[PDB]
Amino acid sequence: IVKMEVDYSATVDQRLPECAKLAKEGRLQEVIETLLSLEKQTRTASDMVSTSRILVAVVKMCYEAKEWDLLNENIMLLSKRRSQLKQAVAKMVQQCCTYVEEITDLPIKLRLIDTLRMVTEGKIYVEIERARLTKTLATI
Amino acid sequence: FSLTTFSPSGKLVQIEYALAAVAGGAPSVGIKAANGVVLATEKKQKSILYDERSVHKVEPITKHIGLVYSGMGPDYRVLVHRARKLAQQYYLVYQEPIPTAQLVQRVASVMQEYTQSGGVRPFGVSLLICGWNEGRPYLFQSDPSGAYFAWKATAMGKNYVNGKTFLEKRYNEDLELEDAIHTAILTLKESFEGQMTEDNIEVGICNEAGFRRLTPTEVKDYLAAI
Amino acid sequence: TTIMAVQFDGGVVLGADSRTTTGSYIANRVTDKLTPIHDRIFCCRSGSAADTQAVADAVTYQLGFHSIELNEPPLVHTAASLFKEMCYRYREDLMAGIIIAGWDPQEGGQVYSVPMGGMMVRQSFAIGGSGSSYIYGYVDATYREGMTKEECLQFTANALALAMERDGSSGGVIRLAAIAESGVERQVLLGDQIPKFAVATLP
Amino acid sequence: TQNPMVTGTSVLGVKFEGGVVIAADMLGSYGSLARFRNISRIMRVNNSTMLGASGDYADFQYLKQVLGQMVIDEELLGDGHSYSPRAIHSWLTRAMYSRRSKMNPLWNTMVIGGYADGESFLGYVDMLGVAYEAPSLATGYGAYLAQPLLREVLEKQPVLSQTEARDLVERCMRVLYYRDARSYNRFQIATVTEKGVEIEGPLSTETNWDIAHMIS
Amino acid sequence: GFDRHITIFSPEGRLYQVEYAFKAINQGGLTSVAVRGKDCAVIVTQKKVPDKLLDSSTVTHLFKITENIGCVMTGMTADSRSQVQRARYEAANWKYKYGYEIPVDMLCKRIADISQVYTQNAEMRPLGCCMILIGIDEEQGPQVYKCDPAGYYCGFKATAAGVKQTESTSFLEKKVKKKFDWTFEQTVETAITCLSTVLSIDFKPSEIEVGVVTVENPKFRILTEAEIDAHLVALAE
Amino acid sequence: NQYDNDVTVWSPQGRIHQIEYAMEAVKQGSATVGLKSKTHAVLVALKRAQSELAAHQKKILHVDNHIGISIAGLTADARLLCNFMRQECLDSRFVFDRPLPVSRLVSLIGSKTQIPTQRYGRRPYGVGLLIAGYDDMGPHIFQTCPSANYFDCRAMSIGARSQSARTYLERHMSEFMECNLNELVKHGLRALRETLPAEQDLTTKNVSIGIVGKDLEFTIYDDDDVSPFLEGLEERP
Amino acid sequence: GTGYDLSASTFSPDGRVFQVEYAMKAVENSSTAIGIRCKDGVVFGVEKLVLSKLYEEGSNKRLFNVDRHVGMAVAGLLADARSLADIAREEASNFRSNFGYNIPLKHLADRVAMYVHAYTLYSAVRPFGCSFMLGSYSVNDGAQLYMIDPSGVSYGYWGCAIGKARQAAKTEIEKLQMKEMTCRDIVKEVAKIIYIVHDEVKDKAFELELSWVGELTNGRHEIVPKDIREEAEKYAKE
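Chains as they are written, first to last, in UniProt numbering: chain A, 13 to 152; chain B, 8 to 233; chain C, 35 to 237; chain D, 46 to 261; chain E, 8 to 244; chain F, 4 to 240; chain G, 5 to 242.
The shape of chain A in the complex, shown without the other chains:
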């Protein structure tokens, strides 16, 4: 969409797995905030792959530490911050689609509707609609 200004591929490679180790069980939110700052920096630098990787890492951390509520407001903040990169959010929704289908649970219905609310803000035909279709089928 917009030309990349400053890449941080080296920064994310050297720091993201270390951040995952530092918050293996997700008890720390300063790690989430500092990757939010890093992806904001790459977003102002108009980089898509770095932001997408950061979002995928963030949701993966939420998967492994199974904080369902904090996932809900975290993905809400990610999707509503400034709308970020359409490629990155479409990615993050896709791995969220891949994850919600494997754990039965009671509040996965809440996870399904949360992602539905995040994607129903528009941008349906553009930037992935099969995820929303699969979520509705999953709700069925």
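Honestly, the hints are just simulated from the structure, not real lab data. A few of these clues could be false.
Stated by the list, open to error - Straight-line distance between alpha carbons at most 27 angstroms, and here's what the computed DSSO-like set of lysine-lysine pairs gives: (1) G:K208 <-> E:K59; (2) G:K208 <-> G:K241; (3) E:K211 <-> B:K53; (4) E:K54 <-> A:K15; (5) G:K230 <-> E:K59; (6) E:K45 <-> B:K50; (7) F:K30 <-> G:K183; (8) E:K30 <-> B:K53; (9) E:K182 <-> B:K50; (10) E:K54 <-> G:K241; (11) E:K104 <-> B:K92; (12) E:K186 <-> B:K50; (13) G:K65 <-> E:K55; (14) E:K116 <-> B:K51; (15) G:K230 <-> F:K41; (16) B:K51 <-> E:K186; (17) A:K15 <-> G:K230; (18) B:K53 <-> E:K181; (19) E:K45 <-> E:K184; (20) F:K30 <-> G:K65; (21) A:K135 <-> A:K72; (22) E:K211 <-> A:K135; (23) G:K196 <-> E:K59; (24) A:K52 <-> E:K211; (25) E:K171 <-> B:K53; (26) B:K92 <-> E:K102; (27) G:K196 <-> G:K52; (28) E:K54 <-> G:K183; (29) B:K227 <-> E:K164.
Go by the hints and put chains B, C, D, E, F and G onto chain A.
Chains B, C, D, E, F and G only, in chain A's frame:
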């Protein structure tokens, strides 16, 4: 050249074009009643973005001289500023005559810098003047080139013809009290397209006590029961 | 009347008396002789009060207009240049002694003197007015280098107090103005707060 | 202009072989008052011309501003030429004459020193427009006190050396400080030569008071 | 002929020279928006900077005329700077002649009178720059006015000038018709979203320059990059 | 062509046309050459004669002891420029007793002639000036065109058919610094003789010489004064 | 245009001033120029067409000194350019006489631009046919460089070019990385850019007038020493 100019054989073509311009679209009726004079005009602002208490169509030149006008408002501002300076100079020279109606004729006459020295481009505004410091009221009109006309009731808008016809048919008359402002509002109504309101219609009155631009409260009060 | 300015590290301190004399009668005992030319530039007036006020107002005009057209606070040197030009071009008609001081980020606390005639000079401290001629020795002997804000404030207050008590055309209250990057602080010394060196000559 | 308020006291200067030296004390006399003791009455007209003045210091500042501005304008063109000190002296002469003719005189007596084309020049112009050039010059009471010593030195020595010339100037400054009410013991000495104009600064002269014991 | 060539009245009864001079404002490729609020008045215009060899520090179209009045110019930049200089001179001269600071309405009136003198006569020509000036006025709240190359000085609450001024005025008319006062967050956000809907670039916080005058804080704050970025983040939330 | 009518108006293709016509005033004039040296400046002007009974008119005008000019073009507004230059040089003499340097004089002339090129109702000074002066930096030759754009030149010629003289001066300008006074004057005479058609030839009555040097103040040589220079002509018409 | 492009006081039907639109064409036609703000100063450079070898060493130079620290590199109609340079010199002298010290470059550019706009506003007088850069440096305000079109307004420029080939120069100017390069290498590079721009491809030989202002010159805008910058011209040649 640098004055009121462009007069061919038996014509004043530039002046006639100025009069075509002062046809305008602001009716700005005036009525000379027995007690005083009413100058009412229409403030039909484009959209609601503009304000009505910001700019005014009726200007008190001095204590009991009020002024209303026609098309070319930017010219009208300079003209009313000049008129204020001229009235103030006359009052300073002839100190303390409380000069309004023994000055209304005089200020109308000194409206010769108005047009007789046009300024390359003549003024494109015709203005009605009201004064009541003589025991009697006065309504005068000065046009982009002529002089004092000493009207009793007239209009200077887009439909000034039928406005004047309405004024004469409704019998501007001579016994009418100060509250002929109802008839002035009716005459505006004929040349008005809308539900006229207090900010939409601006009117000033000049009676023997003095001149006063009626606030939206009294304008709405008069517009009620019409 | 007496006016005085001192320059210290990071600012200046101005002291002026509140008396304006007409013959032998006190026209105004609470005269405000510290006219703010700009936010961080002040003027001390002496001599013909009308002429001082007119010159100060005209310079305030020109300096405010110049600062607005630059989008930058004006220099104290620039203000002093405006005063020197105004006084010099009309010296034969305008008789006024003016002390200019203030603070600007370009140089800091600065003090200039433009007496009658229209000359400009930069000084560590400036002194002027009818009552100035009585404290020259004191101001020269009791002035140190590198004096801080409080030292300059007290020293200027003392100099003005003695100039007031000695000169017959000076009296009333004292106005102090401390100008610095933080801003300007104006205070008034009155009555008992006046630093007094009592002269109890023995019988 | 009409009645000076702050007046600058005497200034002098002598030319020598290959250069000129002038000297002015740093006092601004507000009548009988030593109001300003740290003011410079010597101006660098350009790289190869100096100027001092005695009298109204406000007028001196105005002339300094005007002359510096015109020198800057002259050097802006980059034509290689310059205002020779002879030309500068003539310009100041005409300015003073015009001011006197307009009956708004400039209360300053000015000494212009310069060294151009390998030949020293030392001009002189006063309030009344009287101008000339002499090997030795002085203003006010300097022309009464310091000038005779310069004349008697130059009568036997038409040419001078820089070191003895500046020593003579220092002695004349000492004499002026001794026997002039408006004088002060802080004078600047400016030397113009082929290398340019160099001003020493707040020089002072040593006072002798052995004769103070001769009172009784 | 020469009816459409010089500042003379047309035979039809119109003045074509000023009618052309108004379209001159649309020429130049810029837009500006002014929103008066409950307590503040904020104005914003886009900063069209072609190539970065220019100094974005000095490419601005908004200025301080005095300590409390700020203008934004629309149209040819030379005439814009001339009228800004004239307005600053008028403000200073008013402060010199009369002690109190010049009211914004009076300043706009004087500028409009100058422009009316320009459309009068024939030697000179009108200046193709429309000026929107704002400022806090005591007993009046925030005040916004527009002086035009003609001499008609008016405009209030929400007023815009530039190429796409009509669309901005329509949106602001919709917003003001929605009866709710704008605080010192809603006024700025309303102006920003108005200009963004006019020209959708989502307004990276570098291509607009917003000026603000509040009541509790006087003076014409030319809000910095951080402030405009914070307002943009808050709006797009 | 409308756009060529007046000096003020600007042509759509670029430069205005009245000034371009003004340079044709100097083209339509008797030829004149002017060359520098290491120490001297010499002007050779063709004194154009009306008829054999009438004199050959006057060219190479006198300005001061160190400056002399040669006109080529409209003679009416040429004595005016001569008066202006004389007045400025005398003003310099009066103020600081030194000869006004030629470069400053030429800048003054250019600035003075520039204003009529922009003021309505004022024709440009269609006069071609070949100023010869001796300031402190050796001799100087300057050409002033009615376009008010002066030039400095080692050797320049202006007038009718002056292009041939220009070419000869260019081809022989390498050997100009190291030439005796008579040698340089003969160079100029050969350059001017190459201008007129072959039927015409140099005479003592139809030529004028202006010489200014380090020790030689500006002097206008003619028939008797020219004959020593005219000898050794090497006539190849 | 046809009917409306006769006097600057006549607005176009679309609302444009065609007199200035044509005055810009003279600047577009005249020989080019360039000015780059180095890290600690501003470096000018202008190629001047030696229309004939009859002329002496570089005269009617496109560079001018308007004040002690300020220089003007102009292009367009050269006589009016010199008159405007005289106007700028007078303005700087007046400001120094009134307010003391040295005229800030932004204010000088604004005042001269307002004067130029005054000359384009009216009808009797005509718009100036020249565009020029004003460059200056001081310790307090760093280095500034403002460019004024024949009718427009001053604009802050890191690097600017005007004249025959503006875009061709500006492309390589933006290619050059300023704001961290000292004025010496910038002098080398401006000559390089000028020589990259066509000099003899359709024209005669050109001379390289280069100007300085910066802390290396403690202000004091002066022409670069041409004897020692001939090697810079040589590096430009390579």
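Each hint, compared with the structure:
Distance restraint check for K208 of chain G and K59 of chain E: the Cα-Cα separation of roughly 33 angstroms exceeds the 27 angstroms cut-off, and the hinted pair is therefore not satisfied. Straight-line distance between C-alpha atoms of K208 of chain G and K241 of chain G comes to about 16 angstroms, which keeps the hinted pair within the 27 angstroms bound. Taking the CA atoms of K211 of chain E and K53 of chain B, the gap is near 33 angstroms; set against the 27 angstroms cutoff, the hint is violated. Simply put, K54 of chain E and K15 of chain A have alpha-carbon atoms about 20 angstroms apart, close enough for the 27 angstroms limit, and the pair holds.
For the hint pairing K230 of chain G with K59 of chain E, the CA-to-CA distance comes to about 31 angstroms; that exceeds 27 angstroms, so the pair is violated. For the proposed pair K45 of chain E and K50 of chain B, the alpha carbon gap of about 25 angstroms is at most 27 angstroms, so the pair holds. Restraint check for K30 of chain F and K183 of chain G: the C-alpha separation of about 50 angstroms exceeds 27 angstroms, so the hint is violated. Distance hint between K30 of chain E and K53 of chain B is fulfilled; the C-alpha atoms sit about 18 angstroms from each other, no more than 27 angstroms.
Our distance criterion of 27 angstroms between C-alpha atoms is met by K182 of chain E and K50 of chain B, whose separation comes to about 23 angstroms. Proximity of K54 of chain E to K241 of chain G is assessed by CA-CA distance (about 39 angstroms); at most 27 angstroms being required, the pair is judged violated. For the hint linking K104 of chain E to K92 of chain B, the alpha-carbon distance of about 18 angstroms falls within 27 angstroms, and the restraint holds. Under the criterion of a C-alpha separation no larger than 27 angstroms, the hint pairing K186 of chain E with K50 of chain B is consistent with the structure, at around 22 angstroms.
For the proposed pair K65 of chain G and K55 of chain E, the alpha carbon gap of about 35 angstroms is over 27 angstroms, so the pair is violated. Between the alpha carbons of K116 of chain E and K51 of chain B the distance comes to roughly 20 angstroms, so the proposed pair stays at or under 27 angstroms and holds. The suggested pairing of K230 of chain G with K41 of chain F holds, with an alpha-carbon distance near 22 angstroms, which does not exceed 27 angstroms. Restraint check: the Cα-Cα separation between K51 of chain B and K186 of chain E comes to about 21 angstroms, which is no more than 27 angstroms; the hinted pair holds.
With a C-alpha separation of about 44 angstroms, the suggested pairing of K15 of chain A with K230 of chain G is violated against the 27 angstroms cut-off. Our distance criterion of 27 angstroms between C-alpha atoms is met by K53 of chain B and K181 of chain E, whose separation comes to about 14 angstroms. With a C-alpha separation of about 15 angstroms, the suggested pairing of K45 of chain E with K184 of chain E holds against the 27 angstroms cut-off. For the hint pairing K30 of chain F with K65 of chain G, the CA-to-CA distance comes to about 25 angstroms; that is within 27 angstroms, so the pair holds.
Between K135 of chain A and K72 of chain A the alpha-carbon distance is near 24 angstroms, which keeps this suggested pair within the 27 angstroms criterion. Restraint check for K211 of chain E and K135 of chain A: the C-alpha separation of about 21 angstroms stays at or below 27 angstroms, so the hint holds. For a cut-off of 27 angstroms, the pair hint linking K196 of chain G to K59 of chain E stands: about 21 angstroms separates their Cα positions. For the suggested pair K52 of chain A and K211 of chain E, the alpha carbons sit about 14 angstroms apart, so the restraint of at most 27 angstroms is met.
Distance check on the hinted pair: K171 of chain E and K53 of chain B sit about 17 angstroms apart at the alpha-carbon level, within 27 angstroms; holds. Using a Cα cut-off of 27 angstroms, the hinted pair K92 of chain B and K102 of chain E holds, with the two alpha carbons roughly 21 angstroms apart. With a C-alpha separation of about 15 angstroms, the suggested pairing of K196 of chain G with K52 of chain G holds against the 27 angstroms cut-off. Taking the CA atoms of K54 of chain E and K183 of chain G, the gap is about 22 angstroms. The hint holds against a cut of 27 angstroms.
Distance restraint check for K227 of chain B and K164 of chain E: the Cα-Cα separation of roughly 23 angstroms lies within the 27 angstroms cut-off, and the hinted pair is therefore satisfied.
In this structure, the hints that do not hold are numbers 1, 3, 5, 7, 10, 13, 17, in rising order.
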